[PDB]
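As a starting point, one isolated chain is supplied in structure tokens, in the form deposited in one PDB entry.
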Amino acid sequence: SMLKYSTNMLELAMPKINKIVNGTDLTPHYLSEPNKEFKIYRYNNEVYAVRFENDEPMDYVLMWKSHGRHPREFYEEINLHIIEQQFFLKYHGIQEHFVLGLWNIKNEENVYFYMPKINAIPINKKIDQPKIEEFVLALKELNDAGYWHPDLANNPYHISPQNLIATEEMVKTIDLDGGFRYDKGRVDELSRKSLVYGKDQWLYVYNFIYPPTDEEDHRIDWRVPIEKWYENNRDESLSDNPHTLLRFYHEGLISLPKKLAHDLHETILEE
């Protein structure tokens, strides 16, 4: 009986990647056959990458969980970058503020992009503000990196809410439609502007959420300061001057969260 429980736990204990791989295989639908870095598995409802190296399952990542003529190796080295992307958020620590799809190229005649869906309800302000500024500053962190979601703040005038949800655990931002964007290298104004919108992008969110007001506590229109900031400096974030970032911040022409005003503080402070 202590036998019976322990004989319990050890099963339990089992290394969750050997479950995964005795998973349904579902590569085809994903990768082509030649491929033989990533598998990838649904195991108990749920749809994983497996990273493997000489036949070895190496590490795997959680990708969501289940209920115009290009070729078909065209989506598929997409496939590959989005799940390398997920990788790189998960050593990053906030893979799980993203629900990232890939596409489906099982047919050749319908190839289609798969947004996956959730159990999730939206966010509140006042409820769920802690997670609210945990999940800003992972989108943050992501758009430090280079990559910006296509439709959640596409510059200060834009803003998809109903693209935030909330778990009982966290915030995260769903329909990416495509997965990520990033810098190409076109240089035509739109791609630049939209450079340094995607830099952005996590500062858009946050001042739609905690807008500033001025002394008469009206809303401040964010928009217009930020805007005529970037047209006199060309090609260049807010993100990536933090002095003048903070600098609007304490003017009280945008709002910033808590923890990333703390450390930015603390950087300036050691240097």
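We call the rigid core the largest set of C-alpha positions that still match within 1.5 Å between the two forms. Residue numbers count along the first chain shown, from 1. Compared with the form deposited in another entry:
Among the candidates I94, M115, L195, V171, displacement between these two forms reaches 2 angstroms at the C-alpha for one position only, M115 (superposition on the rigid core). Put the two forms on the same core and the Cα of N104 is off by 2 Å or more between these two forms.
If you fit the rigid core between these two forms, you'll see the Cα of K36 move by 2 angstroms or more.
After superposing the rigid core, the C-alpha of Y206 moves by less than 2 Å between these two forms.
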Given for the second form:
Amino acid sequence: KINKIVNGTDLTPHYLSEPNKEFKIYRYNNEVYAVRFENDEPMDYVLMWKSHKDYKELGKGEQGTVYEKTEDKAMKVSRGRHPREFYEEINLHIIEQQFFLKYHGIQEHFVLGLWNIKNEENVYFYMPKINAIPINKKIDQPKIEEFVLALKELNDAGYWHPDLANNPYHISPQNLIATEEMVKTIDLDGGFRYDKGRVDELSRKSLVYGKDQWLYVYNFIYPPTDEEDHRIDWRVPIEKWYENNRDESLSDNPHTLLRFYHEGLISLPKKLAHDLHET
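Let's see the other form, the form deposited in another entry, since the form deposited in one PDB entry is already up.
Chain alone follows, minus partners and molecules.
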């Protein structure tokens, strides 16, 4: 497919800054791809969305207005005003992140896309359309645990979600989507967050919360209880540890996770505790 895809329709000038030495955008068999080039030769590809070469509203509110351009592709209009080069840089980072997701087989859990900048005064965000389904907790637990373990794999690599769980006291469940087979997360039109070398108080705290983000989401949905089956407040023992272990996260110290887990102060996915216990 590699060589077949690069024989398709070149859409690069509509998304990335021309010319780009590493990434191109191609259409091939009703599929838009992001192709990665090395030696000036194509090496790998990632699928972005399906193509069909007043729209219906899919949503509107805090996160912005999303339309239905086609039945396989959503369109999120931009609210801010920025230069073209601002959305091009975001696209390049999304593509890099998109490859990471592929290499680790977790791409299905995260809805990414690309900002279309061919009209600088009409910039919208294309992404796959997904059919949401009211998420349950009693029966969807395996799917939710599979997403949390995927998000942990993301957090361990330095990436975290910009609007899902900024800290133990903030959660945006609306950005958790359940489908027939799995749980996904949306509101990633800006890509994932990552450290940039800044050391101010806000950026250092954010980097700690970013590595334990997966833990906050899980404990918000499945918090621990006592013998009376009353909700144990997991936030307090976690924050207490943070204030006494500056610039250190719980994921980076697996010995403390299992300790808080056996002590009944935090909840962990089923597979994580077993993989930490045996290994």
